[PDB]
Amino acid sequence: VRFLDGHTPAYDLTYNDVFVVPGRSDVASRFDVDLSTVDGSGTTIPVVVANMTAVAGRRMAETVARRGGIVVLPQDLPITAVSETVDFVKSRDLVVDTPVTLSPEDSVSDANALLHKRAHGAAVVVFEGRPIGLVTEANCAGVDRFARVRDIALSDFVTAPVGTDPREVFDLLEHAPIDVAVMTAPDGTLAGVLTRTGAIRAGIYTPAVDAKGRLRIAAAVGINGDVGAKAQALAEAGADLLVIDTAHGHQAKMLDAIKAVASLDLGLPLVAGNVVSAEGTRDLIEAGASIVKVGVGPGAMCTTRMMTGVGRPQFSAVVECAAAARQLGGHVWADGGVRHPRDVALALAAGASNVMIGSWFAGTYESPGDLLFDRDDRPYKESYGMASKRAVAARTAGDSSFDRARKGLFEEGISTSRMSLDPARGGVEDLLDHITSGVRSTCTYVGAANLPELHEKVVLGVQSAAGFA
Amino acid sequence: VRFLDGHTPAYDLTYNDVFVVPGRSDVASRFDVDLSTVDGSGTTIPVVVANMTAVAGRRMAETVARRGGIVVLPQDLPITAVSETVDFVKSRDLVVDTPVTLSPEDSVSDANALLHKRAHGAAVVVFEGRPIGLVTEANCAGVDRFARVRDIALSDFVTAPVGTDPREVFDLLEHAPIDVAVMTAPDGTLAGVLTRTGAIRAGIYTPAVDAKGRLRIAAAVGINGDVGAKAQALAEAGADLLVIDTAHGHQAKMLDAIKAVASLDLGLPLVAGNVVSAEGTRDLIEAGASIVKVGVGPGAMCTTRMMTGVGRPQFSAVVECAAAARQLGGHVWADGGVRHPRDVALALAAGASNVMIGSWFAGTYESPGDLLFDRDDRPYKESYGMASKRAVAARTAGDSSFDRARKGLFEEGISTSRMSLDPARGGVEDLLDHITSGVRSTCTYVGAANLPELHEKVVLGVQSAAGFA
Amino acid sequence: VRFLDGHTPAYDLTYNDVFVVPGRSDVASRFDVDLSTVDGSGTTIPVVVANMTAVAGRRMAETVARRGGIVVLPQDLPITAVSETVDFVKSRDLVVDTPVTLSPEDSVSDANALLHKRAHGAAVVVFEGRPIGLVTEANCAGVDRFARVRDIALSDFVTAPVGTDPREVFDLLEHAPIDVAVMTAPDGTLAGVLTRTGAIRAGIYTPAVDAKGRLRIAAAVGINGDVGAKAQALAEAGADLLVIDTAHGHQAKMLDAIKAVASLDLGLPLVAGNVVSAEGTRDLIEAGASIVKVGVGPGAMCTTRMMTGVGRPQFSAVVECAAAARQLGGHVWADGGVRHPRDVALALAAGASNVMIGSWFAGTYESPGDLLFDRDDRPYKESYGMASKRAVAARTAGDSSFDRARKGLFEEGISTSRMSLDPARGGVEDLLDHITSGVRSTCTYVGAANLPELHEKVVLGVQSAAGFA
Amino acid sequence: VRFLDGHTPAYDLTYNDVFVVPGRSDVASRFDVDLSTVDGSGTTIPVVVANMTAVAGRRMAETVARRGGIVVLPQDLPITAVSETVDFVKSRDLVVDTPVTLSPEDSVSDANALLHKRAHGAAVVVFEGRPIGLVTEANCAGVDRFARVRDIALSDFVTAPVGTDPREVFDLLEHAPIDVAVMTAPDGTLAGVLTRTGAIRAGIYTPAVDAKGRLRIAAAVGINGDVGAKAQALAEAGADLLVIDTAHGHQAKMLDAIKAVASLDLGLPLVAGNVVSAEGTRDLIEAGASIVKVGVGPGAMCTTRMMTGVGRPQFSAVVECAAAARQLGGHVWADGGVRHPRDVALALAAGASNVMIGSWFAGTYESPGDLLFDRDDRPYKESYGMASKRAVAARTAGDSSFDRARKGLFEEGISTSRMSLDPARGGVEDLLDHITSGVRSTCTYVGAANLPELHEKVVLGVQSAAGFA
Amino acid sequence: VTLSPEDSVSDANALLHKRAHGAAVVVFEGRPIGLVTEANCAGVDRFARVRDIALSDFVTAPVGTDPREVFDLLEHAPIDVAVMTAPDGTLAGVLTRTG
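Chains as they are written, first to last, in the entry's author numbering: chain H, 2 to 470; chain E, 2 to 470; chain G, 2 to 470; chain F, 2 to 470; chain B, 101 to 199.
Treat the hints as calculated values from the structure; they're not laboratory data.
Please note that a few of the clues may not be correct.
Stated by the list, open to error - The calculated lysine-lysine pairs, modelled on BS3-like cross-linking and capped at a C-alpha distance of 27 Å, are:
{"id": "1", "chain 1": "G", "residue 1": "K458", "chain 2": "H", "residue 2": "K254"}
{"id": "2", "chain 1": "F", "residue 1": "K260", "chain 2": "E", "residue 2": "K458"}
{"id": "3", "chain 1": "G", "residue 1": "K458", "chain 2": "H", "residue 2": "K260"}
{"id": "4", "chain 1": "E", "residue 1": "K408", "chain 2": "E", "residue 2": "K390"}
{"id": "5", "chain 1": "E", "residue 1": "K254", "chain 2": "E", "residue 2": "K408"}
{"id": "6", "chain 1": "F", "residue 1": "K118", "chain 2": "F", "residue 2": "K91"}
{"id": "7", "chain 1": "G", "residue 1": "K408", "chain 2": "G", "residue 2": "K390"}
{"id": "8", "chain 1": "G", "residue 1": "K91", "chain 2": "G", "residue 2": "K118"}
{"id": "9", "chain 1": "E", "residue 1": "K91", "chain 2": "E", "residue 2": "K213"}
{"id": "10", "chain 1": "H", "residue 1": "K118", "chain 2": "H", "residue 2": "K390"}
{"id": "11", "chain 1": "E", "residue 1": "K458", "chain 2": "F", "residue 2": "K254"}
{"id": "12", "chain 1": "G", "residue 1": "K213", "chain 2": "G", "residue 2": "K91"}
{"id": "13", "chain 1": "G", "residue 1": "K254", "chain 2": "G", "residue 2": "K390"}
{"id": "14", "chain 1": "H", "residue 1": "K118", "chain 2": "H", "residue 2": "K91"}
{"id": "15", "chain 1": "E", "residue 1": "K91", "chain 2": "E", "residue 2": "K118"}
{"id": "16", "chain 1": "E", "residue 1": "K254", "chain 2": "H", "residue 2": "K458"}
{"id": "17", "chain 1": "H", "residue 1": "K408", "chain 2": "H", "residue 2": "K254"}
{"id": "18", "chain 1": "G", "residue 1": "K254", "chain 2": "F", "residue 2": "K458"}
Said to hold, decoys possible - A short, non-exhaustive set of chain G residues, derived as facing chain H with CB atoms under 8 Å:
{"id": "19", "residue": "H8"}
{"id": "20", "residue": "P10"}
{"id": "21", "residue": "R168"}
As the list claims (entries may be wrong) - Computed beta-carbon distance windows for the label pairs:
{"id": "22", "chain 1": "G", "residue 1": "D423", "chain 2": "F", "residue 2": "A142", "range": "44 to 52 Å"}
{"id": "23", "chain 1": "E", "residue 1": "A29", "chain 2": "F", "residue 2": "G268", "range": "26 to 34 Å"}
{"id": "24", "chain 1": "H", "residue 1": "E454", "chain 2": "G", "residue 2": "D423", "range": "50 to 58 Å"}
{"id": "25", "chain 1": "F", "residue 1": "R3", "chain 2": "G", "residue 2": "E454", "range": "36 to 44 Å"}
{"id": "26", "chain 1": "F", "residue 1": "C303", "chain 2": "E", "residue 2": "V393", "range": "38 to 46 Å"}
{"id": "27", "chain 1": "H", "residue 1": "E454", "chain 2": "G", "residue 2": "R25", "range": "32 to 40 Å"}
{"id": "28", "chain 1": "B", "residue 1": "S108", "chain 2": "F", "residue 2": "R3", "range": "53 to 61 Å"}
{"id": "29", "chain 1": "F", "residue 1": "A248", "chain 2": "H", "residue 2": "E454", "range": "51 to 59 Å"}
{"id": "30", "chain 1": "E", "residue 1": "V393", "chain 2": "F", "residue 2": "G7", "range": "55 to 63 Å"}
Positions of the beta carbon are idealized from the N, C-alpha and C atoms, including for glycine.
Build out the structure end to end from the sequences listed, making use of the hints.
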């Protein structure tokens, strides 16, 4: 990377220590920028969803795969659940989105619960495969809590066959009172739904698909037990990406696990982490890892850097890891704490081929967590509220209570961090547009048409903390 | 610029990183300093009003032109409105200020609304061109809301002919209960008003006037469409300054627009921006721009530097741009975030020939925004409250709803930043005195009689952030 | 110590200026790390309790000695009290913990007061040496305040003989409603109590014992009076460690006191402080001190560095003192302000053989201070609330009121700092597990099996303050 | 000054950027340090009271002169008032303090008002020069507001002749219910009062006296008008020190004024300021100033550095000014914002021969401002509440209202900063003990017996702002 | 309120509020030693042994004294407690002006 003249600080840099100086640009608009990655993951956007139980949902996988990203499945899920999720994701359409389907004679409370599970805002009633109506907001208000679905249905939905150009689907929704376009198969059976914003996003973005034309998906495996058996099972299940993660990637056990997984020669790219040093990245690449995960305790006041003194600023660590990996022909992923598109832009400018997003996506409708309201009716979701139960479901490993208590005494209980729902960006698609707009604006300011060009021509500067007063 | 010995930091400097060391001075008082600019704009003060709809008003233009500054009109206004504003500004007196005029039989609520539109605090009642009385504060309290103006008038106003020496106008107002001096034409018709502070400011300051002896005014044009046609229309309308602005000035489209405007050879100075690099300033000057606008995302936590990683500290960028421009014979304008006179003083010391003030002037009586009170009756004005509507009035460009939504999805909605009215500095004239006093004190501390001398003899030092604890 | 390439700052470093870069590791888990010290103190953990009256209690000594640490007794205590405390500590069991014993016919209010004096949460009723029942929480609620103990007893406690393997003691407590395991002597007399967490900690940790198989303990002596007589009295009383402390250790009076104590040749290791300079450490070691105490005004806003300008950042001072002492064959102790395990980890990485904890342990049940509740019933303890009285009990020295007032006028009154009880870590054992887990995680991240290896292979980096925004 | 190895920052240092590293010390206690200055002012302590109307009172002059300091009188006072104050100060005793005297038949409300004017807490009733009783706190509570003084008197005061050794005066007050010792002349007339703390302070401190054995005092003069005439009048009035102050000392007008004052050759030392540059200090010394005043806008958020960008960190400016002045044989005074003894200690270590205290002393009983209570009865005093009236009493200069308004429009109104009374340090003597204790502790930590030795052997280090998190 | 020596100061504070006298007498071998009054336990160590903050400045008179003179002796006393003792010097009771 290139810095300004004389900008040689005596310390490691964070995302608050660096800034991008505008250069000569010929990019006309944001749409003239290609965001496709070159790390071999097949994603058209640098957005990756973290493999935690509170974010990595089935709807998360489907939506992110359709929008061009990828989602890594939690490593504690059973093989049957991962296989079912992979089959469901690879059984989705590349344009239309799967709506919320309500069978007749169901409880209206279940309909209300399912209504908030997606950002469409309308749940379709289906009988014999045929749409009957759309339940929207305020339809359950005042109505009897024991309603049988088929009592408040509103059969005024626009219906069109699948394969219609989304321009005309947008045109039919210009004066519609409900922004839902039901897409049906030629035989009249229900197939999916569309929206004005959804149609525009389908026309702008490009879904990340495999060689079979199906949505891509990723999975993670633990570092304990027979790693080869789990890797083989996930490869047979249809996983397109394997991630072996742990708190400290630069250890002998991870090297042995990487060697064991690479010995099978499954042909799929492998992601390992996390390390924040050039030596660790080189060792991980030599062990057989194609993608190195970067970021260990990036925050100066995070739980990791408060429990221990171990850590490193994210920017310098990512820069060093990318510099070490590019020579060896590898790639690095930023796995820090991302809360603004600025972090993603700076990570991409540093040389990272992908940026992973963690808790930020937990506060969305499509997340597997349930929506609940505060005293002021503030929509929010309990981050890590149920992740501890999934962690201890596999942490027990059939050991006795004495061993479990001995392990858990030293273990620190992760607190339940409330994450408020943003009313203007409730769905993950709004956050995706936000982040992609930030990245595209960064490229236009720099003057690059693609991510390698952005990394090539980026020029950075250093600023002091006195500007934060 | 000259720095202290050994003060060579490894980073770019902001306004919080630099300080002025006092030197040998022979300036007796603040009044012995000339603040006239040499950039060709004709302003006697380095204060420039930003071209946003929430600040660039007609009263703003009149008051700032009378006090020696200049105001740039918004680029989204229609040609008829800009022509009317220019004619009204060039039809004003060089000494007296235009009062609030109330016709008889009008609603008292309209009188109350018009009362707060200017800092005079008294609205004159005019009939057949003759003043009848002055409505002041608390005159509408308790009185019927359907009053017909001519029911609470107070005909106890001091009246003098236009052309009276303001010293005697001040003398007549020594014991007057209302600080309003009605200035009338020799035929007895109403001409304007004066105040003690207004008379003193008229005797101290010098209005910025053109060759015809009329108040100066500036206008802005967008970068889209036929820039030459708009430039010709504004030149024919009587504009004295043209400003072509955009988020990123260092682009090919701005170079083409500058070449197109310069091809007309209208003879007026041209302002373009914004760039924060020497190469950008040189390219803009070569393209045909006489004045270069400086400052792109100056804050470390601003919306621009949070959306993207693009930006630069204002002080270093201004220094570099001024150093590049002075060789080429050009001039630079500071277009950052100004909230204190210290920013203006440091920008002038860096080498900038003019300092532009943005949202700070939005919280004044003369601003086009309407005054409203909080629960504690705090006077405040909604910054950018109505600027979005004016932006989208021209952003539509006759395109269909699909194109407008496609553009606006990536666009980030600017929030409405409340700006509280300062009770002691409600009028823009008080802020003008504040800023001019700060600049004059800076010159006296440095020991310079004019801005070029201030830039010549200024010596700067660098301080750490530990002083901000 | 080894730093990263180019990381040569022009300032001293604190604990917020440094970070540990992960290296190649072969440590399987946290349990594969040995925390035994090599400073000659005999402690299996680097945790040392400060010698202040509000922390250095009898229960503190017993618990910390059983968990592998050591406690330094206050220097103002009379010789009889120190002898009694030493005998009581050396009369304790290496596995079981001494419970709260209630004699019959006592007041229930006394039982409630004694209940919160230890973290067991149940006070055993003993008559003729035989347990009768356990008083637990909410047993005193609503019951008459004049109860005679033997009216609300709950005789449903699991009883086992002393010497039972704690694995089976854990097994018997799997379904018990009260987590208390009464351990009794073979003759049926009461001997102690155990808990699930206590049994696990006894199986993990290793008590620090002397050559006689009894718990170790430390004591402190002042710098005034006949230091040799006090040292001889404490050595005869059974003290295993002598600490001579003062505000400024690098003074001639401390050198004379060290020479006087070393002239007796008691054979015990001696601790002296505090100094933050290599010259001071060398002088203290030459004078006859085997262990040097480090840290004088470590905080930038502490009372010492606000009263005066004297001080030094803890990290650089500890590094320099350790570098000076290791050549001379000595050892250094970190005696700064420790509030997180990160501080202990960084002090150990710097080269310190032991880390002393001060006010942090004051907010625990086992501390000698009494528990009191705020308006919100927040459990808290008044730090330094009664330490002033103990200081002035010996400060009077039989001098007249004039001399006492003359001394105390210049003396600054230490304020009573409230320290809230952490509900999840009320007992000192929870804090001990927290700190040991942090240190073990640090070693696993570095890749070391013991503290000397951790100091040998540690690689550090420097970060700026902009990451704290 | 000497810094640590490698501590060469690229910025100017404030009081938060530096720290004192302890050195080898042989000073037994705080009392073994001499605080006498060598600047020729004759003060035994480095404490100087600023010349503002809200601090520089008559009681301030008397108390500070008795405790060994000096007070500079405001420059706006008339010559008669300054002469009366000087005569009253030079008519005081070197040991006893002047009590609050109440004549008979006075109002009790006046007695209550006068009670809080001094820190004694008891007002003596005097008739024919003989004490009758002492009015103390709560004596006016419930008593009639129209009491005639001689109705609630408490004639139980200890009386001793003047010249008694304060040791025995302390002894008589051991069991007295009121800590007041009335000192009377041999003829029985009232002469003064004493207190236990006052007697101890008289035995510790040394009053600053002239060649006639009378308390010293200082005065200030403005830079406008005939400076020589005012200097001659103040010299004839008995002033021991002349201070010519202004916002910017490094100006030609101050050079001319200094030359004019030095032409008279009054023989008294002259103080001038303020400058923060070596060139300014050299010019001021060459012009005829023996003492240079240092400090112009020291704070990073002060009113001076918010109005303008002019300023400099205090520490670096003081260091440079002292280095420039010592060669020329001059001396420098720190005139920044002092709120802690740390500032005074660091200024003395930098090389300053005296430290001036400003608003900190405004919040005391002896200050000329009146005591008033908040809603919570918090004792506080309005700083700069009445200083504006005294400033405009001489600012008018007989000019017309037009000129006064023209000057005051640009002038910024200083706000009234409430200063709460510290209950434990209400009197200025408590603050004096606090500051002297801080300075003596600094010297003991450094290991110096006097201020020149402290400046000689001081070794400083630099710390970052990350320690302030 | 009678306090034996070597007792806890917390017990003394609890017993202080058990009666309206406001002062608890310290008794040893039947002889008064001092009176513990309000604010005597504030700031003092919670493990005080009674005989560390005693204030031996109590007015003492034999039982049977006319209460008019007992009132007279308490006119300027700082503590409104009049210790009434038996002729042999043993503690018998207390009195107050209002009492």
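Here is how each hint holds up against the structure:
1. G/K458 x H/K254: holds, 19 Å
2. F/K260 x E/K458: Measuring from Cα to Cα gives roughly 26 Å; hence the hint holds.
3. G/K458 x H/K260: holds, 26 Å
4. E/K408 x E/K390: holds, 15 Å
5. E/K254 x E/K408: With Cα atoms ~19 Å apart, E/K254 and E/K408 stay inside 27 Å; holds.
6. F/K118 x F/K91: holds, 20 Å
7. G/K408 x G/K390: holds, 15 Å
8. G/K91 x G/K118: holds, 20 Å
9. E/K91 x E/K213: With Cα atoms ~9 Å apart, E/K91 and E/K213 stay inside 27 Å; holds.
10. H/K118 x H/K390: holds, 22 Å
11. E/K458 x F/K254: Between E/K458 and F/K254 the Cα gap is close to 19 Å, so the pair holds against 27 Å.
12. G/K213 x G/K91: holds, 9 Å
13. G/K254 x G/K390: holds, 25 Å
14. H/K118 x H/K91: Answer holds: H/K118 to H/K91 is near 20 Å, not above 27 Å.
15. E/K91 x E/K118: holds, 20 Å
16. E/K254 x H/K458: holds, 20 Å
17. H/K408 x H/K254: holds, 19 Å
18. G/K254 x F/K458: holds, 20 Å
19. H8: Hint on G/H8: holds, closest Cβ of chain H at ~7 Å, below 8 Å.
20. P10: Where the cut-off is 8 Å and the nearest Cβ of chain H is about 5 Å from G/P10, the hint holds.
21. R168: This interface hint holds because 6 Å falls under the 8 Å limit.
22. G/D423 x F/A142: 44 to 52 Å: holds, 46 Å
23. E/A29 x F/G268: 26 to 34 Å: holds, 30 Å
24. H/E454 x G/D423: 50 to 58 Å: For H/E454 and G/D423 the Cβ distance comes to about 53 Å; the hint holds.
25. F/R3 x G/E454: 36 to 44 Å: holds, 39 Å
26. F/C303 x E/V393: 38 to 46 Å: holds, 44 Å
27. H/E454 x G/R25: 32 to 40 Å: holds, 35 Å
28. B/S108 x F/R3: 53 to 61 Å: Cβ of B/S108 to Cβ of F/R3: about 57 Å, so the range 53 to 61 Å holds.
29. F/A248 x H/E454: 51 to 59 Å: Check passed, 55 Å falls within 51 to 59 Å.
30. E/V393 x F/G7: 55 to 63 Å: With a Cβ separation near 58 Å, E/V393 and F/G7 satisfy 55 to 63 Å, so the hint holds.
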